[PDB]
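The chain below stands alone, shown as structure tokens; this is the form solved without the named molecule.
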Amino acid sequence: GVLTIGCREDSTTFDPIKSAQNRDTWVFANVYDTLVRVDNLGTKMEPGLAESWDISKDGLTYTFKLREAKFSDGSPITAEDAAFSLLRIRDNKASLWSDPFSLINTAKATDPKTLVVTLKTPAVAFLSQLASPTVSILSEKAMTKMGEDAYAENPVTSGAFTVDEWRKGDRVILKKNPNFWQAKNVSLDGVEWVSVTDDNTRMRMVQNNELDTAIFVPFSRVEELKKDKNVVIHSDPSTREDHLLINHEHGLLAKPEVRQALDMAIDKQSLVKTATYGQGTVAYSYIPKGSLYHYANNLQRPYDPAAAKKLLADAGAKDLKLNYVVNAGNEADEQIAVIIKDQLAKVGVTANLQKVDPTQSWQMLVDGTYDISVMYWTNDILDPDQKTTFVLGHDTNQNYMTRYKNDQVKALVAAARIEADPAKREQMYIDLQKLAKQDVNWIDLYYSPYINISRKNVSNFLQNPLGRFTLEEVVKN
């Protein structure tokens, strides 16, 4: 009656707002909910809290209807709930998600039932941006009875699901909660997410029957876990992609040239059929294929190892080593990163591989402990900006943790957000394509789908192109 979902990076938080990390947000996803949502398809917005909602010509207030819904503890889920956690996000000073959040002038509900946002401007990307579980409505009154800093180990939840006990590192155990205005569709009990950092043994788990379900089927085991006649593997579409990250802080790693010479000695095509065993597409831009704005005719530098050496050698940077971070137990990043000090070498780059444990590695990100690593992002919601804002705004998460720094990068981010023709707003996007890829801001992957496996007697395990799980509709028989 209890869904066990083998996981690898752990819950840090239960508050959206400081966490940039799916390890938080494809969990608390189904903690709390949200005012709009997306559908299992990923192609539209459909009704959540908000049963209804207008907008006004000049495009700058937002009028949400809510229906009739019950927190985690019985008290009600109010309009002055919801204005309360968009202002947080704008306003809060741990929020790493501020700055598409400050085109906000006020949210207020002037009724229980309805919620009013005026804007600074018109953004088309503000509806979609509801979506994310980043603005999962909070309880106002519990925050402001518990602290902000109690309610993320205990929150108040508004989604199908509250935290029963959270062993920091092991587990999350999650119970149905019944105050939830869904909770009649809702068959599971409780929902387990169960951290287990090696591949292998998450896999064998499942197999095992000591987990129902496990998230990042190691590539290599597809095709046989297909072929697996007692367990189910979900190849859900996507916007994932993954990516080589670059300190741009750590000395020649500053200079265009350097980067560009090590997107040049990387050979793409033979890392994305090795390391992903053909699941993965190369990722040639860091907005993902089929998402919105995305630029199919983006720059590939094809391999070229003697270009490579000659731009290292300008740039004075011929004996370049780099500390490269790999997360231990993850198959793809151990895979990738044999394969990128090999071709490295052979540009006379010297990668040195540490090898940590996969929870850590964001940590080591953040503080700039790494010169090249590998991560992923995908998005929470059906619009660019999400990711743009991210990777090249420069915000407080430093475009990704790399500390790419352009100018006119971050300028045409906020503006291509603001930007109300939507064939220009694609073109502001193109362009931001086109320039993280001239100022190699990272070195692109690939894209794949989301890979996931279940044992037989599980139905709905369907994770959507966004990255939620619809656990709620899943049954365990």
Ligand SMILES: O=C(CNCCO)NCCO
Contents of the next structure:
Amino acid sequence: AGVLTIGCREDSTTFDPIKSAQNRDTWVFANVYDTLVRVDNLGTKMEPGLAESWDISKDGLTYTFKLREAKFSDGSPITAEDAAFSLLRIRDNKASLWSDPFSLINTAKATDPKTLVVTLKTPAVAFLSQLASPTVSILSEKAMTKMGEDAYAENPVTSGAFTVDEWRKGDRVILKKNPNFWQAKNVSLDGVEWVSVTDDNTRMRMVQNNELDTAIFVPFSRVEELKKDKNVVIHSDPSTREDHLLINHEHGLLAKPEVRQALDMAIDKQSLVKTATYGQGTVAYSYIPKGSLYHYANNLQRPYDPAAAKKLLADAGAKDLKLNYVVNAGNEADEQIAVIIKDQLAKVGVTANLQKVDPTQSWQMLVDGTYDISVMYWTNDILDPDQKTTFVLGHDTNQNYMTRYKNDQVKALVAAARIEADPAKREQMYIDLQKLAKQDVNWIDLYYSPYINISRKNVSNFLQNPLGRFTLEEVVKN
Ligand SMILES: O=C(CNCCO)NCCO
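Having gone through the form solved without the named molecule, I am curious about the other one (the form solved in complex with the named molecule); can you provide its structure?
To see the whole picture, the full complex is given below, headed by that same chain.
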């Protein structure tokens, strides 16, 4: 009691925001640190965070933030030098996964402890939306310098509602209420535990047996029956989520656009999404999630056409194509989808060999390239297409969501669209990016879907906002 347990799937890897692009981390330390700006619960606008106000230069190059009075968890104050230190290591640290979107930072300096001044190399409208991401969580410069970044990442001094009280790697992360948080008065919970439970049904049974207060990732097959269960509440929260089939373009004949186009034409999207998501998903046709900024509703959907897929593969030397399909065991959708894709690809002479793995282990296999195809997903945590575009199409250190997709026109277009000042031309550039990615088959878009989570009836205000952030500060456990 007083502690909210949350069953999750993938487990924490770090509390240093620059070192992870995964929700197993960002959804956890989003309630551990605070940010200069925040996004409201409906994901529509920016709101004050650690910064109570801000002003932008006329030349759009100087961003000045007025910090409110706030403390870190260790009692020390939150100063503009702390924020300056945080922004700049995203740009400059060797281990940062986000150097590319933050390469446009000329300087960040504190003119005085309350005032932060960031100047960019060129204007970029996304910069303010960027400051709401948990990636720009404000860390304590003094203590990072004191402890070093390796120890800080395992027991941080935090600026948000909770501290990391203990961390059993691969098992659970136990957060304790931070009494120095500037909104600590609003925080009812004494603590939060993220418990990794990699089997969907086991996670659900644990909620229903009162072994967990809440869980994320309700398996689609059970949403309907659980909605009728009086002891629990299914949440279906508006999201920026999209699921997709990754393709490793480095792996032989998968480099040929025709082979990837053939795979796209051999997978019946409507049938797949209806069967595997039990009607909860919406067929996806663009890498930008439907409802998010610049989403292009008339992007190409290749109709199911196995005859043309067979000819494309034959013309390309890939008639007998065999694929290493990495599958996350215990992820019901992942498993169901793999059976459908395997069955459908077999109709065009393609053999998908399923390799079932621990869901906590597959991401590293994507990074290392030890896969031909594998389903994964993405959620935005800012209100701008530049974050997903850079990770998925930017040709940055992440290798285009680990596909190794390469298109020189796209790489340049991503950088141009970032700094485009004309909003009407910026929109057209993100439309062309959705078009070009689809022409090339960077990956196979599968479906959009809400966040579907579950909580026992006594838990109040267990909302995940569209940017993935759980309103753990508003939660009341009755
Ligand atoms: O969706 C993401 C990151 N989402 C937060 C935006 O950076 N990663 C793949 C799933 O872990």
